[PDB]
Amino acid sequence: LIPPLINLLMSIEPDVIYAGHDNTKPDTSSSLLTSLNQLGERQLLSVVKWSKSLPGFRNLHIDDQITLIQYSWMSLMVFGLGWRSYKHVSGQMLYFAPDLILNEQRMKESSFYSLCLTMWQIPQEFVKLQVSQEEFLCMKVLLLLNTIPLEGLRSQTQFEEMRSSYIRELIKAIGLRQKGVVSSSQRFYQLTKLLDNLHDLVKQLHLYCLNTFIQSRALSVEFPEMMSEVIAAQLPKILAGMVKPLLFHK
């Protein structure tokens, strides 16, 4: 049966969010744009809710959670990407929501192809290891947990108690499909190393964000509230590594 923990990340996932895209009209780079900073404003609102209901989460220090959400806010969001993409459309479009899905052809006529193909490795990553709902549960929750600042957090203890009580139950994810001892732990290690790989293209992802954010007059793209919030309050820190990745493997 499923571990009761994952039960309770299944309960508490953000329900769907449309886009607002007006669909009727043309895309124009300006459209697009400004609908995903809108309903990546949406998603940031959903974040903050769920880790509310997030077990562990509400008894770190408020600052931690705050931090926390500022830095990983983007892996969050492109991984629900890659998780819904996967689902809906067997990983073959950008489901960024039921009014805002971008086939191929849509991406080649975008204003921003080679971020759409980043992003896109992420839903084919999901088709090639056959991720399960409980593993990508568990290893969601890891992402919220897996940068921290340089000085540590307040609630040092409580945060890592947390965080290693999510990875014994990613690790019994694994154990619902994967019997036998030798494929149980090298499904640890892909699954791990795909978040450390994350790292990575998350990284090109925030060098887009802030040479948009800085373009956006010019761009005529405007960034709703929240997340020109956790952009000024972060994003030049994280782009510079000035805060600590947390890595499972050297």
Second form
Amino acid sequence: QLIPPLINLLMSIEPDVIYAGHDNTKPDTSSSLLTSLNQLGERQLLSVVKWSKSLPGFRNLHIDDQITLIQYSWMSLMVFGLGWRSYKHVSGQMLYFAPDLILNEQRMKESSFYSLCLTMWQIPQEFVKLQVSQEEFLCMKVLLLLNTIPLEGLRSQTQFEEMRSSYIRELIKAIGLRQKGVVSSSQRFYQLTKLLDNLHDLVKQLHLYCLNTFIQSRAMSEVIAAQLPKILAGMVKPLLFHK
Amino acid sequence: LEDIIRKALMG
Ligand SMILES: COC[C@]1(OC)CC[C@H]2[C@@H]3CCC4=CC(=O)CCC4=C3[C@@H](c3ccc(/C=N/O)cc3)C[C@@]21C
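Having seen the form solved without the partner chain, please provide the structure of the form solved in complex with the partner chain.
Time for the whole complex; same chain goes first.
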């Protein structure tokens, strides 16, 4: 009678803490950090796929849509979770990848990818500024999974639009928990959805950085042909809340 | 990853 049932179910299906399995007793090296991010990255993906299987409405979508949605949004889901952990565990002052893989300013600058750390750091800073709540976060994260579809749409297009509409209504309830006023709660909805709309740009920055990091690992045209649709505009269809 | 996000869903 305080928190909505669906927001509480989201919190309960929230995956457990995931470790990177990184050894912090040894001096960092460009490769050991990249090796750990990839290990942690793969674990979190299995975690996302699993989390989705308990998401009301997801499994009812055609299996091909489930795959597509995960493919299109795993990067945004992960960078969003990164922001959330950074925001709550360390006041958005550092990047909290995992309990055993935290990078503060110094460690960022001296990590092989400092410019990528600042880009991702943007999300936690916003959280701090907006003082995002847990209920708001959970609803926002579901929307990220439902923020990009194929230019031709999905097989379960109607079912998909109805699922997304519910979580949009749920986000408003979450906002209503603290933002009582009609104009205020209306204003926060704008701030939170505007933020989500902004992730479309930041996300391709990350896919691009991912690909380049890969190019440098081995020193090919086919690998670059399947990555461009994740870093380039005009191949998928982002669902923006604001024109 | 399409193969990974696929073997995971059907488990
Ligand atoms: C140095 O960076 C290399 C990256 O790319 C080289 C480009 C961006 C990274 C991801 C950023 C978001 C993220 C959030 C987390 O919670 C931890 C892991 C993580 C990233 C990393 C990552 C590695 C593997 C995978 C999935 N594997 O199946 C997902 C994420 C590394 C990249 C992609």
